[PDB]
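Next up is one chain by itself, shown in structure tokens, the form deposited in one PDB entry.
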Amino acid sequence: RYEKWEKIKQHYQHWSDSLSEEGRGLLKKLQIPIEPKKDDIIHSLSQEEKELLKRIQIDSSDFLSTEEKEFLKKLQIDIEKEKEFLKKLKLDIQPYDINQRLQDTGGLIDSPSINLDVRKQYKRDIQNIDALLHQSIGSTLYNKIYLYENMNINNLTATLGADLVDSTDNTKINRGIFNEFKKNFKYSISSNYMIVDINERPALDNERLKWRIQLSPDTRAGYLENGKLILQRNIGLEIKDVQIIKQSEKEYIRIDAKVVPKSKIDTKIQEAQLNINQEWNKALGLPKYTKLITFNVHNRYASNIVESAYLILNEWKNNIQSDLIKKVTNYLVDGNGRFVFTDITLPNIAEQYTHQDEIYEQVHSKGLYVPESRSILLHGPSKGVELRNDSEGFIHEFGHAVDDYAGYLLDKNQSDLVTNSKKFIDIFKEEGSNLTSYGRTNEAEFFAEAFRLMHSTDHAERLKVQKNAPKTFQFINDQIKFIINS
């Protein structure tokens, strides 16, 4: 367990000694992100904002992560309509987390999804760390050691992660879900600095993935003491093996991976993008030069993001009538619209942030539709709230596109969503709470939810829309009729 520490340490002896006080402080910053302290958030608040914050019920919020919820509760401890307030405040409670910024952006750190000042600080730190990690592990040690990293399955796929652990016995891995996770896991990208161990360490709470990694001779790294290494960012990983193993009467998933040039992985992704486009331009009868599908892939479940795109579009094509699909998609293409499949957060997708300067209006979620760029965005790793799979999410987003085109058809000059018409507003006011809880949010979301359920494989769901929201059901069919006759 400790026999290999010394020789790795001695290899990086001079590197460690020559570290400046700032270089060291930077490595500590990377290991321990800086949380915002409560008292400064509070004193920054005005006394009209303070009074507002404590009267706010907070677990109710739809767009705040459980850590963000808990934090603001502790602010209430010390002290809808104004979602306005929680969206602005959400930005000022993010920890300074270098590795998380790199992962969220996939290395596209110029993405205007955080404030300018911190955005520029992130750049400076990243460039400084890149300069620190100059010494490769080398030929004397690369094949003499293994590097280990424990990982939460939710980091790769939160959808499969919900059922990965056997519900009848939590010491076991669900064999069926295991196969799904392993099936299309061929390669992997690290856009941030992997922090790995020289020897294997016991997994912490809900960590069931245990990586075993072999570096290449040229792979640059730094020693972080206590038998721990930090790897250079932007490295490719080839998955050599995925197996279920048992440690201390508990089942884990071993992932054997080998470091390769990231460019080698990027080449496969680019080849896959050409293939899926040529294949789907033909199926949809689009012009042969159309670029519709785009892979924005930069993270550790890389190969599955690509492979699942094929299946998502297949389910999409299978569950929606052909003529509706063709009409709407050709509308999207006429405005250079894209189907974006990605494993970076959606505010870092150009098809969103280009048309959304306000960060507090920027949205991260499983799926999104942006009318200004006529694009559908689908985020792999995450799990949509009250959503079975990615295909159902994509169908929902396509509902928004249907909404867009239908409204465009009735006035191309003053182009607007059909759900913004007084006609559907009245329908939403009457039937808006008769479907999903989230459908209640607004006209567009109610429309897209209704559209999703009307095209669900569960025929019972389709009948529940016609029975509980017959006016919305009728309205949508009228838009479909309007579209295919256009």
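Basically, rigid core = biggest C-alpha set you can superpose within 1.5 Å across the two forms. Numbering follows the first chain given and starts at 1. First, how it differs from the form deposited in another entry.
- When one rigid part turns against another between the two forms, the hinge among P36, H459, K326, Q135 maps to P36.
- Between-form comparison between the two forms gives a rotation of 20° for the smaller rigid part, taken against the larger part from C-alpha superpositions.
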Contents of the next structure:
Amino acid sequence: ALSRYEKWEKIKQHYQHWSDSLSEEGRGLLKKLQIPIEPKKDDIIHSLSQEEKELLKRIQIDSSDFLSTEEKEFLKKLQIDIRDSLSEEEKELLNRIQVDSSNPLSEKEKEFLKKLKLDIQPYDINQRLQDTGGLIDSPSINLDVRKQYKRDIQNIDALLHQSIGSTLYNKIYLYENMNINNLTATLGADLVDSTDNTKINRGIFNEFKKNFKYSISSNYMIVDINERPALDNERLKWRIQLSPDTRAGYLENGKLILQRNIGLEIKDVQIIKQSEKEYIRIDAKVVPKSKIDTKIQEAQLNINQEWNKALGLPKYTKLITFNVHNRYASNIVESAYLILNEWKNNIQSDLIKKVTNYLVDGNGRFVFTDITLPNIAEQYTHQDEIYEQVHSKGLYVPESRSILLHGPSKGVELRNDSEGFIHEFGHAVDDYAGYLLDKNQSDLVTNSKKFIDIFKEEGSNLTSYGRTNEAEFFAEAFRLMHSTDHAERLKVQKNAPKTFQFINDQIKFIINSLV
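Condition change, the form deposited in one PDB entry to the form deposited in another entry:
All you get below is the one chain by itself.
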């Protein structure tokens, strides 16, 4: 055994001059990176009108279809403060109406929350870096805050000037404990076996290992000099080897902060045992970011050439985009091949071809990303207003004729990423149908005389989320009609006959469009 405390001491000495040279502005900066600054709950609540308090008190927050997971969590802690001023029956009653309460929000509820989200952003450098993938000019937060982020990130980059060096880099390992849900909320919930939680589901594991070949860090990784025993939710244990010129800084209690924008090549992925629980070891080696970007671009070129051919498109149509910057990079890239495969397997070749030609005619894109959708230009160039921007698993944006699919998050009511894609392709089918109906006044076919009536009657029969509005109802019905599960296709035909009819009609109408 090679001594944890001597390893520590030697890395501390390597950075001792650097540490002692830090101004205390420098020190403040590093602590702020480590410990984000949260919103002041009191002030938020103090600023609500009495009518807004009453609303926030009674509102069900997971009914939202646009808030991030971070925003959703904060709001719930905010509901609590609001509520601790009540009777025990009030509190119990208000929680009593929560069981059969999967329903869509009222319009005055949604409008309120959409504006409230501008006021509950933490100031959190590493989160801002990961969310935007390093592209911090993205107009998804207030301009003034955005500029404060830029100054801080620039100053941190300038503090991290000293590399680990030629002597240390192949003598030490660095460690990082991770929650599986921070890479894939989908595989996360089902990689710990259900029979036994101390075991790893070998099938999912082979899937995860399958193309986990590279990884990108767009923020500043905090790593441990010595391995720390896992917490509850920490089933991923990274062991990282740096490169000689990897720049880093010493943090107290045996940590290193690494420079942003590095690449990691996955060298090995194993199941290992640590006190009768199973964990996943991930061995990784720091490489230059550009190397991995080169691999991403070649994959993008190759998936487009493959799909340009299969779709009867010009050879150099830029159709599929990899917008990839985060720790599960290579899976995003590989997952897109499989998603597009399930798409061609479950939808008529003529429908797919005629609609995708329409998207390409409007300079459209299939964007596969691991940054948040508000930070994708296919959304933000057409949605100036932050209160109108959407976080979700998937989005169709008609103004840019693009489908956006966010890899890392897990969609409610979804079995996988392929299902999510097909629902988005449902919005695009709705778009083209409305255009064919009326080529100058290009509107959505769900905004038509007919379909509104159909929705007013059958709008409650299918999925809970189908009850939101005409657009979503259509999209869900379209998704269920092309499910791999046979039973799903028929429940639509039986529980909502007119919609079934109406969609199959539009599909006919589209395929029957020509030269």
